[PDB]
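Consider the single chain below, provided in structure tokens and representing the form solved without ligand AKG.
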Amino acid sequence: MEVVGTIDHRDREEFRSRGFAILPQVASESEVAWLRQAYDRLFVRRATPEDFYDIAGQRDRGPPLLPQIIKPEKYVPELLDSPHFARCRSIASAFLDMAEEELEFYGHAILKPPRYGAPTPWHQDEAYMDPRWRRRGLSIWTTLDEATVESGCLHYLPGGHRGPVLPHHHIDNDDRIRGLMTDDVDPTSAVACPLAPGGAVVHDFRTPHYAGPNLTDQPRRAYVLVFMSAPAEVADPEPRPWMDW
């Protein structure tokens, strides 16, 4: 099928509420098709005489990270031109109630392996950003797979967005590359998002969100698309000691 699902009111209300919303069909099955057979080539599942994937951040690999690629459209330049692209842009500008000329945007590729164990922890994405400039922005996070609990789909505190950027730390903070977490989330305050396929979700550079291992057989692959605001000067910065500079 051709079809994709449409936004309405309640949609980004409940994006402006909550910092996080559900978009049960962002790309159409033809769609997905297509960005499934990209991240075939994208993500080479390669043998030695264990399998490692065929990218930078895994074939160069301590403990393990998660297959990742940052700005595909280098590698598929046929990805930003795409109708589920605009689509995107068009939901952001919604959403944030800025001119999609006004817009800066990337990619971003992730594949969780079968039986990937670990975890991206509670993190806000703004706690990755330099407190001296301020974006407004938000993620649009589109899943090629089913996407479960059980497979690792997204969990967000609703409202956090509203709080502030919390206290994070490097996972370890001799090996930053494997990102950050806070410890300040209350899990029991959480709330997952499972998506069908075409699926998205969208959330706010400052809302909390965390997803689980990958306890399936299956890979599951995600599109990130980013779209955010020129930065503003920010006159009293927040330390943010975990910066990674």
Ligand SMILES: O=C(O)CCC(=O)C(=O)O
Given for the second form:
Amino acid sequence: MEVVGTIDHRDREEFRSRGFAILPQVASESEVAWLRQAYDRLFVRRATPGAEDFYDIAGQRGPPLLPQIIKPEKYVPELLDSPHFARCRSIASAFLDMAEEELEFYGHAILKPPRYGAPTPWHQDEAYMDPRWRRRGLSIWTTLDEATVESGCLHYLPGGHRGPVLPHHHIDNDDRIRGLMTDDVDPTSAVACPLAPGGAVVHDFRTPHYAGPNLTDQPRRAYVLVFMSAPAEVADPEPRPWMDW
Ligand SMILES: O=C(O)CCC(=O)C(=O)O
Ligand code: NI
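Could you switch over to the form deposited with ligand AKG bound, since the one displayed so far is the form solved without ligand AKG?
The complete assembly is shown below, putting the previous chain first.
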């Protein structure tokens, strides 16, 4: 089918109030079919002579990293001039109350392989950013596959975007590319956001989120679009001693 969902006031209101929103169908099934073909070429599962398969990308070729590609639009420029991109930009504009022309953006691709046992630990995306420069922004996480709690859908801490940027630390201080995590989220307050293919979740830069392991025999592919304002100078920057400069 070629139908796609809409957004209304209620979506925006809940995004502002809770720090995230679910969009059941941000990409049509035909757009999803094309996005899957883009991925099928971006993420090649490759065999070895008698050992384990690996994904033929940077990061995969210590402990395994989540297969990801920053700015996949460099390799597939067809990506960022899709109707799905424009639709997402318009959504970002509505949710951020900023003109589409004011938004800077980039893409990010993720693949959780079958039986991938590592979670994406609790974190806030702003924890990765320079505390000297504040941007308003959000991420639109579009899934190409069914996303369930068992396959690695996102979980959020509702209202956490109006709290502080929580203390983070590197998962491993001698292996910083593994990323950041915080221990300061009460998992009992969390809410999961399962999605059907072509669904998306949207979250503020400051909303804490987590993704479970992929316990299923199927890969779970997400395509993330990040939209943000220009940076503003912060007079009294937070220390963020976990920053990798
Ligand atoms: O897909 C995941 O496992 C995590 C996604 C995430 O952290 C994000 O989109 O900001
Ligand atoms: Ni994140």
